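A.B. asks: Chain by chain, the residues run as shown.
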Amino acid sequence: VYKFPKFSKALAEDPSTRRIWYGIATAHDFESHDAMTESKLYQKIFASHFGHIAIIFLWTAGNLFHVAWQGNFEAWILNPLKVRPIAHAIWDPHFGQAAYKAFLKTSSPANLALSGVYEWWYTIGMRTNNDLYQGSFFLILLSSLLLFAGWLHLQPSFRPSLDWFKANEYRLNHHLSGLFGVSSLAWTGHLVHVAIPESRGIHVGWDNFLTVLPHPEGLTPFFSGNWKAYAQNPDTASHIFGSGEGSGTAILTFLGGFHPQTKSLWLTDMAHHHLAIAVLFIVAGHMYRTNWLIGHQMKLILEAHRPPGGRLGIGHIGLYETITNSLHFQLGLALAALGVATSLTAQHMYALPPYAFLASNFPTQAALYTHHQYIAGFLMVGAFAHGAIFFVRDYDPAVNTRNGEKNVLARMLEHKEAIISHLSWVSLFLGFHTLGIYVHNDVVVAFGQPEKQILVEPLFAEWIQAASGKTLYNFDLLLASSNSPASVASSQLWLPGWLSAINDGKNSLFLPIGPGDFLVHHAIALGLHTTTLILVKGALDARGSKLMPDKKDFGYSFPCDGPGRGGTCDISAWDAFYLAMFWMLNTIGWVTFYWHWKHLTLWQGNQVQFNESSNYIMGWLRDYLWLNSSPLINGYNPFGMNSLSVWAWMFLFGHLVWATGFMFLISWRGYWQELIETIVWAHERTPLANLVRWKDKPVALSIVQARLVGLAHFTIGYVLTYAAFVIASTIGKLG
Amino acid sequence: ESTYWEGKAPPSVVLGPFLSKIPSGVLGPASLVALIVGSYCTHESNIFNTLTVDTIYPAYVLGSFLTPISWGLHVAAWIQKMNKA
Amino acid sequence: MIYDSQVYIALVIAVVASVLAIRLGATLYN
Amino acid sequence: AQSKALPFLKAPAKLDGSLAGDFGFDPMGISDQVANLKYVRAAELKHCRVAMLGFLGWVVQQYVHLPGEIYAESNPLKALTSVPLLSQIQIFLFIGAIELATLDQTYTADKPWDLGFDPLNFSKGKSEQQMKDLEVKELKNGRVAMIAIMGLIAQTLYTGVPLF
Amino acid sequence: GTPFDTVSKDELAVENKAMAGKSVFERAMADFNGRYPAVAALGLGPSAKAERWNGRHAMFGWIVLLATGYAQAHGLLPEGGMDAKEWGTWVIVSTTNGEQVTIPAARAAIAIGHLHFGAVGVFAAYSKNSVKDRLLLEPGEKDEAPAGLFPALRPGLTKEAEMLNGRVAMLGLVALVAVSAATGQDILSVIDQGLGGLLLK
Amino acid sequence: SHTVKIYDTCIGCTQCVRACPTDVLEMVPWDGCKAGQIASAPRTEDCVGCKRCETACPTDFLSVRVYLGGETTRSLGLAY
Amino acid sequence: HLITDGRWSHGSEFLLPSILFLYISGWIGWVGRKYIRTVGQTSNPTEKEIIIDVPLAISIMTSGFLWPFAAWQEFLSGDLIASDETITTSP
Ligand code: CLA
Ligand code: CLA
Ligand code: CLA
Ligand SMILES: CC(/C=C/C=C(C)/C=C/[C@@]12O[C@]1(C)C[C@@H](O)CC2(C)C)=C\C=C\C=C(C)\C=C\C=C(C)\C=C\[C@@]12O[C@]1(C)C[C@@H](O)CC2(C)C
Ligand SMILES: CC(/C=C/C=C(C)/C=C/[C@@]12O[C@]1(C)C[C@@H](O)CC2(C)C)=C\C=C\C=C(C)\C=C\C=C(C)\C=C\[C@@]12O[C@]1(C)C[C@@H](O)CC2(C)C
Ligand SMILES: CC(/C=C/C=C(C)/C=C/[C@@]12O[C@]1(C)C[C@@H](O)CC2(C)C)=C\C=C\C=C(C)\C=C\C=C(C)\C=C\[C@@]12O[C@]1(C)C[C@@H](O)CC2(C)C
Ligand SMILES: CC1=C(/C=C/C(C)=C/C=C/C(C)=C/C=C/C=C(C)/C=C/C=C(C)/C=C/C2=C(C)CCCC2(C)C)C(C)(C)CCC1
Ligand code: SF4
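Protein chains in written order, with this note's numbering: chain A, 591 to 1325; chain B, 544 to 628; chain C, 611 to 640; chain D, 759 to 922; chain E, 402 to 602; chain F, -10 to 69; chain G, 8 to 98.
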């Protein structure tokens, strides 16, 4: 009953099971630990970062090793459009003979790989199960490096100080230039040297790379300035990927669009992209000042940025010390940027597939988009939660105020009511009218008169599609016109490739849109606005409100303030995160439902099914869920089973976890404490069991813990059931 | 130091210890010349003549970079003029 | 197909990475 | 000014006096980040010793070989692959056995480079000035060897001629 | 970089004078015990108790390897594979083309024998109050003192004799595995070569 | 044990003391209000955190404030 | 399909219904606000909200046809917006 929460003496003195539960959930909140200083905080965070990167590299190495050992990578190379990639083998003693037979792939039961790693590794120039093994070996070596570094930087003479940790200019210069630019430069080097010849049949391994010229002229044009030579003779339109037939000699080109065979971006396009990004980031990494008297001091930049007329208060004067001294502000900024970035990855890796033969891998396309959108929602909610935490525990009004006037951040708490009221107005506006149009379509179609539907053509979005060259909406605007200056400017660089790809019905590049797209985009906007409303309200109201003008004195996460003053359930800022998680899950569900139904109709060919039935709710319920759930639920029946049996089991498992979350959310404490007391009496008053007694007094889960557990069940069930549905439906419908 | 300002124009220290000492009568015309040169270089590399692999012309490219710069030069020119410089 | 030697040495190297992990874990304290 | 190697720069604060071989050569100011010069000196001396041994092995393998056939490769970089993995793993295990105790030793001691290796007692009876002179000799020779062994590796990777 | 100190003066390493002399074995033992208590106090790790137990197991296993070689040579060690219909799909190793290669029956029998011995060990582990030599160290008990480079030359059924023989057997197993890995033959093939041919005859 | 603080906005109306179910609060002499009394929290080890004390507080934003903290068998209301 | 980009050619699909709704909803909001502000200066403002003063309610409701003009005659006089008597939370 002691010594487990070593970091908290208050918990270690708890005589109940709450100590164990809270010991887990407070282990990473280093700022709240006993005998805590800032130096130890930054050093522990640094070591934890090292361990985390080691974990990531070990996970990647495991994926590589299991593809190399139990996969069919080599067979998939020779026939990427017919051979289904294998993730890893299965050894489960609970299998019957039927399950073994159904999951049997080649030599052993195995799982199909939906991560798209086969296409990614094939694109970057891997052709052998020994190339994957080398990658796994190297990644385990890197993990060992990172673990050694993490141990080393906790040693006495190697523990960095607060000044080093808060040295913003040095870290920015190095991160930008070194990390981004130099990693892009090295990736361009690999892309060219290995990937470009490997796509043309020439093997460039760790033996013949110092003697195989990536370009026939060989670094002469680069120093000579004749950089056009690297773009001459690109890959033809009859080039077979991985073979020298119809190949070229160029290494950096503009082509635009996709490879005619793999239906993916040109490797020479991506090498040029990464070279340009490398140059730009290396240049941008010299901005801030270091030991050589030139550069920028960001404190001065922030302080000097006050509009002269005066509408942002005193400007950004106090922001430097605010961000530097707070790890939650930086964490929130990083999480918001990462969420936007992974939303970008999801939205671009389906419209512009970058890996060979990934466009025809429909289950992996759906899985990748869903995975990245869910990660995006999680990251955004985390960014807002950490902003709220910064408000609660790191924000100092004195730093952000100069002689009564407030800086740009402190002024966000002055018109907080205006911000929240207008977020509420936008949410109500969008919800009222999107639901009104959807229900109008529902009722009108149900009454057998679909012509009375309200169908709004998304002209604004179709205008953008025409601006990028789509000649489908008869707009003749910028790139849909051959005479506009936008078209004449790039008529010789990348329009022929771009136009040939955007004006193609088999791509996902700028999918044609209609009224259903309009309505679902408005639903998405409503979801985004409502999630933002909840999170922003929790962040701004974190330090106090009218119901609790001292909420900052109770911390970020507390159960309530009691039944007084009318009742104060879910009044903390943590509860705002807890409520906004449901809205994030709902919004990501809407986004992924829209994407998956649109792409299922596109792949099956019945795009008229979406364009007609997507305007009313029953259309969704009947033609997406009810229609495509048939293959999934018949993964096992009283007659047999298929390789989709695991997905049906996961479907039911997700439903069960969802409803257990419903348990933990609807039923609150107090009802579970008295029942536990009855159980305690029963155990204490029964023979043959009195010999065994608990060391920690069994008590009901706390209010905040119960909310967390219900949210965890809700989210896990949500994710599992939707993953099972999307994967099984795609597999069982599209062969 | 103290780049923070509340008057009509920021102090000349915000321009760095290279632009803080340029007379406004030098920065102004220099900014206008740089803007004109950059606009002409952009309109000669593109717009008037369509771009091609064989026609990149580092002068026009480097030139075009004077347009973004021009913005900074005339901002500094105004700052110097308002600070009696 | 990878050999027994390839898998065995990868397992041995994985063990070394495990001993480095507990050293980091124990250094981050109980 | 205070740098002897770069007579024009002033050396950094941590480059002074003791720690023989101190010629004020730290233009990039790397010593400003390390808490002390103990670990960096240990690493420099380990590199110096390994590079001396590497240069000696390069030349000897160029001219002298073991009686067996597996050691008949003249090119050291080609011998890196021709030699059986058993010999190389034995060498690596020996080095790691030497390295783990010194791993415990280096991160905490005042003289991490002092491994107590003096079987012939070349330092017993030597005065402080003579000991410092010996340390300077070792550091010089090691730096020259490091440059030389890197040059040999580069010229073998670029021309295939392992020597001259 | 220059206007500040990367490492604070208050956080600096101090040389541990408590390990002066203290040959690498003593230093390693002390470092392990200080760094990992509650597993060192149990006798686990680089400890004399663990060394003695592992030596006993290595000697018994040299006996077991000899017995296995004899059984393989003398027509024992049942033939074929396990019945998947009888023992489920967990005994299936691979399916090449329409035939299920299962775990060899000989491997199953050897695993059952090893299970017998391991069960005996587990009983002795959870029988601490009735066994002569316990598996772990009692709280308070102190680990027998390391024997050193060469244990005392005391012939017979002595602690030093068992210690020396356990070290020899463990080194023999290490050498056997090293020879098998380096040369590439089976473990039993290496034992057969190292016995002239008198085992697999 | 939870933390209970009393603030000088106390008007000495005694409603907090007579609402405490575990005898944590008591009325002590004072000279900052008409009643000449102020609430005190000398037995916070018995505080259970039910916050009945501040449900009976008539002052604007409370004069008795309960800050939940470390848990104890007394503060958890455990009869077992 | 409805063309709601703003062009007057398809103006009867969205724009004219938009104007009609804006008029009606502004009428409703104006009469509600006027009733709230009118019974807010009586002895029992809360009583007149559950028990509507039907005479005054009818008087105000039929006066909402000038809500666009009334709104841009009360905003000019500063009677439409409160300034600093509005309450704010602690931060
Ligand atoms: C060149 C030198 C260099 C390099 C390579 C690094 C590299 C790193 N440092 Mg680091 N650091 C440096 C110098 C350097 N540092 C210096 C000088 C200091 C002292 C001032 C620090 C102080 C420091 C601290 C205190 C910490 C790090 C950490 C890290 C790691 C970050 C985690 C990671 O793996 O990210 C990998 C990231 C990438 C490979 C790139 C990310 C790609 C992004 C997401 C895509 C963005 C593209 C685009 C913009 C998207 C938007 C679209 C656009 C249209 C807008 C990383 C390994 C952290 C860590 O984990 O420590 C172990 C940490 O806590 N460093
Ligand atoms: C790199 C990103 C990052 C980082 C560094 C942190 C770091 C931190 N967060 Mg944070 N957070 C993040 C992302 C991040 N978070 C995101 C994305 C969200 C939104 C979901 C949040 C939401 C959040 C909240 C709401 C809170 C924190 C808190 C904290 C602090 C303490 C964490 C703690 O106690 O962990 C405790 C760890 C756990 C309780 C483990 C939970 C594990 C979950 C339930 C998943 C495990 C189930 C698993 C999937 C099983 C699968 C089931 C199977 C059947 C399939 C710490 C500073 C807390 C704090 O006090 O901050 C000051 C706090 O209240 N964060
Ligand atoms: C009739 C008077 C009236 C007026 C002028 C307003 C005006 C406003 N409300 Mg509002 N509101 C009202 C009644 C009114 N409301 C009522 C009765 C409710 C309870 C359901 C709300 C609930 C409400 C919420 C939840 C929100 C607003 C918001 C707003 C603002 C933006 C407009 C909006 O979103 O409409 C919202 C309108 C509704 C949700 C529907 C109102 C219900 C009916 C139609 C109004 C009642 C008519 C009344 C009985 C007429 C009697 C008068 C007669 C006796 C003479 C704006 C200041 C939003 C805001 O703060 O943005 C700045 C916001 O988030 N209001
Ligand atoms: C090996 C060496 C010193 C070895 C000393 C040892 C082991 C001493 C060990 C001991 O003292 C201790 C530690 C402790 C004592 O109690 C015991 C002993 C055992 C006695 C120095 C080498 C020092 C080696 C040096 C300085 C080498 C310099 C090399 C140069 C300049 C080469 C240049 C070229 O190779 C290139 C670059 C390119 C080629 O093509 C052309 C040429 C010209 C050939
Ligand atoms: C070689 C070895 C350890 C070598 C350790 C070394 C060099 C350590 C060196 C260092 O510490 C120093 C000096 C100083 C430190 O600062 C640094 C390092 C470098 C760390 C252990 C072998 C250890 C070998 C062991 C433990 C062998 C155990 C064998 C057993 C138990 C037998 C099992 C069987 O009987 C069964 C169970 C069933 C039968 O069928 C099969 C068999 C296998 C026969
Ligand atoms: C001790 C041993 C076996 C002991 C067995 C015992 C006690 C059995 C006891 C029994 O009660 C049981 C358990 C069960 C009963 O039913 C049977 C009996 C019999 C009653 C095997 C050692 C086996 C020991 C072996 C195989 C040793 C191999 C050593 C090698 C190869 C050494 C090589 C080197 O020496 C060189 C060549 C050069 C050096 O410089 C380097 C190195 C590498 C050190
Ligand atoms: C709470 C809080 C927080 C947080 C916050 C957040 C989380 C936010 C988010 C945010 C976000 C998330 C934002 C976003 C943004 C975005 C943007 C801003 C965008 C932009 C874009 C653009 C501008 C584009 C443009 C264009 C176009 C459109 C076309 C193409 C081309 C171009 C480029 C021109 C913090 C921590 C900080 C602090 C405290 C408070
Ligand atoms: S919680 Fe409020 S009421 Fe319950 S005891 Fe402590 S003070 Fe008295």
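Treat the hints with care, as some may be off.
Stated by the list, open to error - Label-pair distances were calculated between CB atoms; the ranges are:
(1) 860(D) x 56(F): 47 to 57 Å
(2) 1211(A) x 593(B): 49 to 59 Å
(3) 13(G) x 642(A): 44 to 54 Å
(4) 642(A) x 887(D): 46 to 56 Å
(5) 826(D) x 550(E): 23 to 33 Å
(6) 642(A) x 516(E): 54 to 64 Å
(7) 601(E) x 773(A): 31 to 41 Å
(8) 773(A) x 44(F): 16 to 26 Å
(9) 718(A) x 416(E): 21 to 31 Å
(10) 860(D) x 718(A): 36 to 46 Å
(11) 718(A) x 898(D): 16 to 26 Å
(12) 588(E) x 1252(A): 24 to 34 Å
(13) 572(E) x 718(A): 51 to 61 Å
Claimed, not checked - Result set (BS3-like, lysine-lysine): computed pairs, CA atoms no more than 30 Å apart in a straight line:
(14) 529(E) x 695(A)
(15) 1006(A) x 630(A)
(16) 533(E) x 593(A)
(17) 869(D) x 884(D)
(18) 560(E) x 543(E)
(19) 418(E) x 804(D)
(20) 1287(A) x -6(F)
(21) 1142(A) x 996(A)
(22) 593(A) x 560(E)
(23) 996(A) x 634(A)
(24) 599(A) x 1285(A)
(25) 836(D) x 869(D)
(26) 1042(A) x 889(A)
(27) 599(A) x 23(F)
(28) 890(D) x 804(D)
(29) 869(D) x 418(E)
(30) 804(D) x 423(E)
(31) 1285(A) x 529(E)
(32) 599(A) x 695(A)
(33) 533(E) x 543(E)
(34) 1136(A) x 593(A)
(35) 486(E) x 450(E)
(36) 596(A) x 23(F)
(37) 890(D) x 602(E)
These are computed hints drawn from the structure, not numbers from a lab.
Backbone N, C-alpha and C define an ideal beta-carbon position, used for all residues, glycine too.
A.B. asks: Need the status of pair residue 529(E), residue 695(A): alpha-carbon distance at most 30 Å?
C.D. replies: Not satisfied, since the Cα-Cα distance of roughly 49 Å exceeds 30 Å.
A.B. asks: May I ask you to test the hint 49 to 59 Å on the CB atoms belonging to residue 1211(A) and residue 593(B)?
C.D. replies: holds, 52 Å
A.B. asks: When you take the CB atoms of residue 13(G) and residue 642(A), is the distance between them in 44 to 54 Å?
C.D. replies: holds, 51 Å
A.B. asks: Take a quick look at whether residue 890(D) and residue 804(D) sit within 30 Å of each other, Cα to Cα.
C.D. replies: Holds - the C-alpha atoms of residue 804(D) and residue 890(D) are around 18 Å apart, at most 30 Å.
A.B. asks: State, for the Cβ atoms of residue 588(E) and residue 1252(A), whether the hinted interval 24 to 34 Å holds or is violated.
C.D. replies: violated, 57 Å
A.B. asks: Tell me if the straight-line CA distance from residue 996(A) to residue 634(A) falls inside 30 Å.
C.D. replies: violated, 34 Å
A.B. asks: Holds or violated: are the alpha carbons of residue 836(D) and residue 869(D) at most 30 Å from each other?
C.D. replies: violated, 37 Å
A.B. asks: Residue 593(A) and residue 560(E) were given as a pair; does the straight-line alpha-carbon distance stay at or below 30 Å?
C.D. replies: Violated: residue 593(A) and residue 560(E) sit about 39 Å apart, past 30 Å.
A.B. asks: Regarding the pair residue 599(A) and residue 23(F), is the alpha-carbon distance no greater than 30 Å?
C.D. replies: violated, 43 Å
A.B. asks: For residue 599(A) and residue 1285(A), compute the direct alpha-carbon distance and say whether it is at most 30 Å.
C.D. replies: holds, 18 Å
A.B. asks: Looking only at beta-carbon atoms, does the pair residue 826(D), residue 550(E) fall within the given range of 23 to 33 Å?
C.D. replies: holds, 32 Å
A.B. asks: Can you tell me whether the CB distance of residue 642(A) to residue 887(D) sits inside 46 to 56 Å?
C.D. replies: Since residue 642(A) and residue 887(D) have Cβ atoms about 51 Å apart, the given range 46 to 56 Å holds.
Violated hints for the displayed structure, listed by number in ascending order: 6, 7, 8, 9, 11, 12, 13, 14, 15, 16, 22, 23, 25, 26, 27, 32, 34, 35, 36 and 37.
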